[PDB]
Amino acid sequence: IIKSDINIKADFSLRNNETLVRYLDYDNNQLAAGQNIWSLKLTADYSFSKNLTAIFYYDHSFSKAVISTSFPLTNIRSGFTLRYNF
Amino acid sequence: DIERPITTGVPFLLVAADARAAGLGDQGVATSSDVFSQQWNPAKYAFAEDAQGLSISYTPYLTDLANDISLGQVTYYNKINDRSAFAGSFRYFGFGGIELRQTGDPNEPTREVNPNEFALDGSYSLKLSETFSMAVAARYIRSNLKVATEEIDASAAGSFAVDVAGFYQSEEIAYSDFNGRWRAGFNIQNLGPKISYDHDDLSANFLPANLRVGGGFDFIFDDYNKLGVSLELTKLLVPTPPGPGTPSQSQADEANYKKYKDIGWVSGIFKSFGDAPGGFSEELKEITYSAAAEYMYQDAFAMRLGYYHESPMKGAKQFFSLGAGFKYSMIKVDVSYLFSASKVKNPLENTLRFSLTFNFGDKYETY
Amino acid sequence: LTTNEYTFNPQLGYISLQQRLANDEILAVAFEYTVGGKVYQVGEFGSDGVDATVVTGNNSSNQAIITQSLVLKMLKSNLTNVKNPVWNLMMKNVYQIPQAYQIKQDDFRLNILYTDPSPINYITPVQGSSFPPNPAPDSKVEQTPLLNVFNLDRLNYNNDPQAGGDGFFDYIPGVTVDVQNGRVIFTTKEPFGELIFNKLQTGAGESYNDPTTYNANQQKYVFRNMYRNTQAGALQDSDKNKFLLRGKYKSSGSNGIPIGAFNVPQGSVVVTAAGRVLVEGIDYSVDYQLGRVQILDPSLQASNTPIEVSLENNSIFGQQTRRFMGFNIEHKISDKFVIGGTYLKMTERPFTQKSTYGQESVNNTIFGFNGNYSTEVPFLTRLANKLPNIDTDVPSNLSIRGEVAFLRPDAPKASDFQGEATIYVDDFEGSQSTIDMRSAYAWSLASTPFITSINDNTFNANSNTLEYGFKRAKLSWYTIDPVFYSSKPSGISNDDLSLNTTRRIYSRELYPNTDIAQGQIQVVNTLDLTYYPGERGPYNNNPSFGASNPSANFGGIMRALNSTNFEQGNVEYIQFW
Amino acid sequence: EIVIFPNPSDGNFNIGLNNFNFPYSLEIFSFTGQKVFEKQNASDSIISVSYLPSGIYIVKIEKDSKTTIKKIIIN
Amino acid sequence: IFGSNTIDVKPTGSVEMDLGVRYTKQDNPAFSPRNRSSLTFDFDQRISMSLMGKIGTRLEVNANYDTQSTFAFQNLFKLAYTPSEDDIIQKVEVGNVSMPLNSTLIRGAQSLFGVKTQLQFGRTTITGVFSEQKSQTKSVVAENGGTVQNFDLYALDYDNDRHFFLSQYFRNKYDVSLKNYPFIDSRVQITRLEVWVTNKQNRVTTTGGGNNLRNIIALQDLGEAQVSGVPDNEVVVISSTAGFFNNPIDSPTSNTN
Amino acid sequence: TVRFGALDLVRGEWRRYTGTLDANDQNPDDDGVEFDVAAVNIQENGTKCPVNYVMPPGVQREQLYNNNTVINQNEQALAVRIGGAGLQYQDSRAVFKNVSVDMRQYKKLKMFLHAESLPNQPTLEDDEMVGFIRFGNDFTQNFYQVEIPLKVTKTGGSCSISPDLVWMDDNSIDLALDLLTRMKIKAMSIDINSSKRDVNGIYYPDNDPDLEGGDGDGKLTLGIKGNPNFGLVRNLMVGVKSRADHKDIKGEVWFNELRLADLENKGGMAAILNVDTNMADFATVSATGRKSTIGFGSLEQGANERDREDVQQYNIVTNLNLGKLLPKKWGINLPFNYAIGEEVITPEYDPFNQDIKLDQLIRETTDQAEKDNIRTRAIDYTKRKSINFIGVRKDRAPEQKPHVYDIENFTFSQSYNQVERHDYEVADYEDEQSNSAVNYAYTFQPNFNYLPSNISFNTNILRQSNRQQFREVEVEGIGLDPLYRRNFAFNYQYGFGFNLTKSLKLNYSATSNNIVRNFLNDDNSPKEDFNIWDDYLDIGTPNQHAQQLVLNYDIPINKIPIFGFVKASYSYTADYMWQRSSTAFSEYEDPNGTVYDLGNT
Ligand SMILES: CCCCCCCCCCC(CCCCCCCCCC)(CO[C@H]1O[C@@H](CO)[C@H](O[C@@H]2O[C@@H](CO)[C@H](O)[C@@H](O)[C@@H]2O)[C@@H](O)[C@@H]1O)CO[C@H]1O[C@@H](CO)[C@H](O[C@@H]2O[C@@H](CO)[C@H](O)[C@@H](O)[C@@H]2O)[C@@H](O)[C@H]1O
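Protein chains in written order, with the entry's author numbering: chain A, 2316 to 2401; chain B, 21 to 267, 283 to 402; chain C, 434 to 1010; chain D, 540 to 614; chain E, 129 to 385; chain F, 1251 to 1696, 1721 to 1875.
Among these hints, one or two may not hold up.
[Unchecked claim] Below, a list of computed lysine-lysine pairs in the BS3-like style, where the Cα atoms sit at most 30 Å apart:
hint, chain 1, residue 1, chain 2, residue 2
1, A, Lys-2379, D, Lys-610
2, E, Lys-182, A, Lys-2365
3, C, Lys-681, F, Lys-1347
4, F, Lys-1358, F, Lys-1497
5, C, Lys-537, D, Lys-602
6, A, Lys-2365, A, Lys-2318
7, D, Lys-605, C, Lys-537
Hints were generated in silico from the structure; no laboratory data involved.
Let's have the full structure, built from the sequences with the hints guiding it.
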């Protein structure tokens, strides 16, 4: 009785950043700073009616530590969003 | 000022979460059946006029300062038969997202935390007689207000509670000048084991066990106008902490507090009626009251006025409340405002509470 | 520092930083300058200084690294010492005009006044004495404005020299004014110090560096301690901070008057030009979205008249709840005569029952009676028609509006102490702030200490060998992790958690009178230091450690302090429970 | 961007301005909505409000037309 | 009491409601094992509703509730009950009311929340209000355009720890050089200057003017010669100045001094 | 095992005052007196050994809402401990604070004091320790001192002592500020070197044998030194002094709830009258008269924000359309604006001494010259006058051919503003400003073309004269020498554009500012007897001159049918500026006496 399209959008990102300090006269390649963050955002839209719609969202981001001053961080925000228009 | 207030865990359970009852002076135990009748009296869910109902309610804190610091509520009721109803409510007090950062790095993955407190409850209401109904509710309360750091554990504190409610709605009785209707209600709620925020059996806090008894009357004019006046009395079922001393100098207070904290909740419910140097006259100071009048026009416009008074020696929360309700086709919108009359700054001042309910399904005749 | 982080005066040889160094920061400089055809250098630049590193050898097993330092000039030291000449390098004649960014001439007024106790812009000699006789024209003190006394007024509008000045502050963008940052710089390095001392000097027996030789006029007016001492230290010289730099500046930015508010209610803006209220459609216009007021009256634009704009801004934050009540009568005697009887009351509800100074609440009442009478006067029209070349028929009108108002103010009954309206100058609950030191991870192993003086060899702190660490006994500093109390780890019993050295401390025990919000932390995370004097500490190579007296050993931790200026912060004591 | 040094602080924290026009207005508000801290002509990064009782506080930073509201924790 | 029974109070806009879970895991070894991860519940509301209509051709309802902006002046709610013009009561306003006064000595209030009523006795108009005021009065003074800002500093309130003389030579030349300002009796032209501070950021970046980190030794007495009117102990900290100087008594500051 | 339940570096708002408060000692960094200042709390010091901390009688804890919970706020008192050697006979130790407090609207200053003996030390007896508040502009020259001998709370037994006995009413300071005002008035007649003053220069009426009633307070001892001002308190000090002759006293004193009480809430009156008339679209008169008394204000104004002044102001603004007095055939737009007005302000408090009522000071003077000086110097009088002829133009005829020599291209604007003032800071203030502007603007309508497309040219004559004479507040005998600022200027900028070719475009403009220096002598001495209309149409010496020139050329190379695709476009902006140097440069003089011209820029 209820039939509608399902719209899915997926966004994956992977960003690596590195900062090296190099000495010319001897091997002293110093790792000054660094980042390695990969994120994934899934969203799925389903329209129950002309006014009521549901959106399933799933964000999953992981930041790996390159230098010890930063800690690995995992963030997962998942769930549903109901929107009703008038 | 306040003299020895009753301290309980998760006090946000006592905050009114909907605009309809907010406009009626924070009472709903004996008002007409509505979708928000879960925090106040689930027993009238069996008296609901509509089959199915959903409701979203918003109470902002620090309205001017910042958003996302609010108490939201989602309620859904469904009466399968003429005699029974299943309801489910979810109250969520939250501060929104908070970013934790220790270094000034522009590129730094930081931790976003949302301290919160939510209660998810489900109630079954069964109509015993044609005018009386009972209800049993089970509630799970979870508190995650603290933030994980060093030497601090942010493990959420959980607890369970049971609510027993009863609602009586008389038939429409004709009088000399009108044909009104009588209502009564009682609710003993938040009955459960103590909640330990530190996850230790030595340190625990009483759940805000509450007893609410109320009664109301509707004057019905021309069959299209209603005026309902309701009065509710509320009493906490938690023992009052000792004051000066009831046996060195600090040792008496230490012994009194040790005796008070070593009391079971089941025994604490019965101990609440007394356990003070004062008598019955001072015992009546433990009861807060609320009186409201709600005018209904065409069953689609509602103008609600209410007055809520606590004892000046505890809580000190007295105010007047205004509320407006509009039903367009199947959607009811309620707005509530509060004028405080107490010396302590009410955090709900200058706050317009919002409530929005949708009703769907077939209609049930009212008796 | 990047060139964006500082500026400098190429002629007067001083620098101004974007970020001030109110801490133990070290400031070093290298600069080269030209005097005519001569070039002088004082520091050591990165282009002409020694190389940062010199490496000798081919492989890391036998390489030698030589890290070389640049020789610079010290402007601020690691440790503050007001008796060293490096302290004198810090300028104390620059004053930052608050919230000023682009001060310009004709839009900046500055005056120097002497408040004792009222603002007076000249200096009187102390009773029983007089200012030095026959002074130079540039050294006049008696009956002289303080702009001339402190060498800030010797030029006219066009910066041309004038005999006694034009009475206005001299605006030189390179000498007395920093335009881009809104700073005022005195023409002397110590205007309130040696300059006023020289103005009041009567003989060679008075030395500015010897306060005991002052002549009872330098004893009153020479505030030397603001230059020879820190500002917190100069606070101890109370009778001298009487000179006041009082002024104003015009902030425009763009066209229109910035009323300092956005999306203001319509009809809440009242504009008064010279005691008369203007008309919102004729004399001025209001841009409510952008919060602008544009004066449309041509006479007022070229008037230099102060215009007062009073609006109502509803972007209020942290304000008490104010109740506004009252009535207004609008009786109509005739079709052109109206009488009004407005009465209003505004009460404020304080957050607490104590009102501190400045954060006060009002309970004001205002009631008034007004009368309006607007008529049409054909006589004026007929008189106008009698004029040579006037033949108009537009009616002439008269209007008289009288009004009387009475204000009865009061304070709310909530903020009364024993029946009287009370304002707390100091209830003493805001004093004595604390800086927490019991964070376990902030402490590290300490160096060997001296116990009476730098010459005391008790714990072998003066040793340059391994004996330096011979007296270090074992010490552990920690906070017992909540896993021991909540989720009992294997091998830990309940007897292990009840010893007064391992048991969990609750705030209700240490602070029985303190109220904690429900859901917050009810436990006290104590900093536990377990000291074993009979056990060998880290990096201790004592051949006979167990054969010595354990009471002669030490166990220590050290910590860095974020705020190093105890005098400015008024760090009063170390308090520990 | 506005940066707040350790969010669960004891009352002593810092601001993370990006080396712009230094005069900014800082206002710290309690959960009651009361005004508990004012700071105009502000340029010092370190903020000492450790006399405030524990809880969450709202920090408003006004920098020219820029307005920012952040939440901090005092524990 | 009402003109009719038609109730066309219609709501427009949208309402959003997010229910989900937030899982966070930070691998900080100093954290407790109980703080390994945090699994909380996210509940969010984005009410963006308007409500406009009439009740019985007598009540006008205008409401706007938007939980995405400042509630001080955006969330609006007005009920206006206007009976027939022949009645004693002309208007009853509930919610966002205003109290406009055609007065100069007594200013009315525009942004209020409360009850406003109006009565008409033949020729007398009585307007009563009881509300809470949602704004504050702000006054500015402007001359020749922009507003006037007043400042009052004291002598002790100088801009400290921000302004530094480059040398004792410049400090002792400052007063004499500015004797006849705006003319400066000095030919000094600072052509190049490098400034070094204590590094506590410990951040390496190529866009911040490059990575220029050097070991630094800063001497207090570097580049200082004697001064004619200042004793040596006020110019240098060196304990013994015997043989320290090798330049005349008024030489400009230089490395060879 | 040592467990720190708390470990803090505690910093205070009240700074320990170093330096002698008594002239008999004159060596503060000695005597071996340990002087400590800290705080005592209800949350931390409820079990204190000598006396447990309790709130003063009638004082309650503040209550707030943290999260739906009522939190009792901490109650704190400032504790001052004197130990070791002890205070000498007249020595005192105190803490201080920098404030900005106006207490002119409150009648009482109240504060709780408590005294106790140090444990394991000789007992402190009653009336030996004296608690004092010293407030004013400083602590050594200009201050009120309020002293009270302290009754000592008896100890030895139980640590818990009732609040009525911890904070005795005999130790509570309850000062009437009119007593301070009367002390100030009485000390006005006391010489600085008088024998009635102490070694510290403080005048105590209680110690005056020739004064009846003393300071008017039987419990407090009041003193004054140097004309302080409680209308603006910049320095506040609380401390302990000794009165034991042959004894060194030791003990701890608590200070609590320093507050102002008994607000003066007499209202105020205001009246406003407006007469607005218009006369046949030719005349418009607007007269306003306001008169407000002391105490009036707005609803939102606080105790120190309401009007402490009597204001009597009027303002008449008149607009005429003089162009309508001429026939409409040749239309002239000649509006004339005349705005006169003045305000007189009488302060509630005399501007001198800043804290005594003007009428009270006038009554208790007994010298006609001094009364006249006070009344005249108190008044703040302002007067403004403005004459405006802005917008003088001749409108175009309904059917007229535009011409370059037409008078319709000219616009005239005259403005004259005069401000007279005299107040507590200026005995006489003149501010004149005359601006005359003539604007010309014509645009043309349809080897290379030499006809300009448009020509613009405007001239300005700005003259500002400001005479400022500061008053001698002490006597109206001489006053200060008047200071003159004059800004006579003549400005003119013109501009014109050419369209020599369909591609070329040449916009030129030149601005010039000259300064008129006819008010100066041969030396750098202004002339007092000068009128702003002396030589109005005088062009002064050049001061600044700027030229701007813009060339745009589309380079029509497309004419040659080999380069028809090139779309070249050349723009050339040229700026020149000449700035006159200050006279300190153009006539700089060496110490040798020779004069050099340093030139312009
Ligand atoms: C646990 C709760 C789960 C959530 C319950 C959602 C119920 C959704 C039902 C849609 C509804 C309620 C409106 C609720 C909106 C509130 C949204 C809140 C937003 C938050 C921010 C809207 O129906 C109304 O709205 C209009 C839409 O604008 C409809 O238009 C049209 O709508 C479409 C034709 O229906 C067209 O396709 C569309 O083209 C048109 O436009 C109209 O039909 C009608 O006016 C009508 O209810 C009806 O649908 C069924 C569905 O099977 C419900 O079945 C129930 O499901 C369980 C109940 O959950 C019960 O257990 C179960 O026994 C029971 O069989 C019944 O109730 C039934 O009566």
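Hint by hint, here is what the structure shows:
1. Restraint check: the Cα-Cα separation between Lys-2379 of chain A and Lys-610 of chain D comes to about 27 Å, which is no more than 30 Å; the hinted pair holds.
2. As the CA atoms of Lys-182 of chain E and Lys-2365 of chain A are separated by approximately 26 Å, the hinted pair is consistent with the 30 Å bound.
3. Distance restraint check for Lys-681 of chain C and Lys-1347 of chain F: the Cα-Cα separation of roughly 28 Å lies within the 30 Å cut-off, and the hinted pair is therefore satisfied.
4. The straight-line distance between the Cα atoms of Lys-1358 of chain F and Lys-1497 of chain F is roughly 34 Å, outside the 30 Å bound, and the hint therefore fails.
5. Using a Cα cut-off of 30 Å, the hinted pair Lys-537 of chain C and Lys-602 of chain D holds, with the two alpha carbons roughly 22 Å apart.
6. For the hint pairing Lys-2365 of chain A with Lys-2318 of chain A, the CA-to-CA distance comes to about 12 Å; that is within 30 Å, so the pair holds.
7. Between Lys-605 of chain D and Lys-537 of chain C, the direct Cα distance comes to roughly 25 Å. Compliance with the 30 Å bound is thereby established for this hinted pair.
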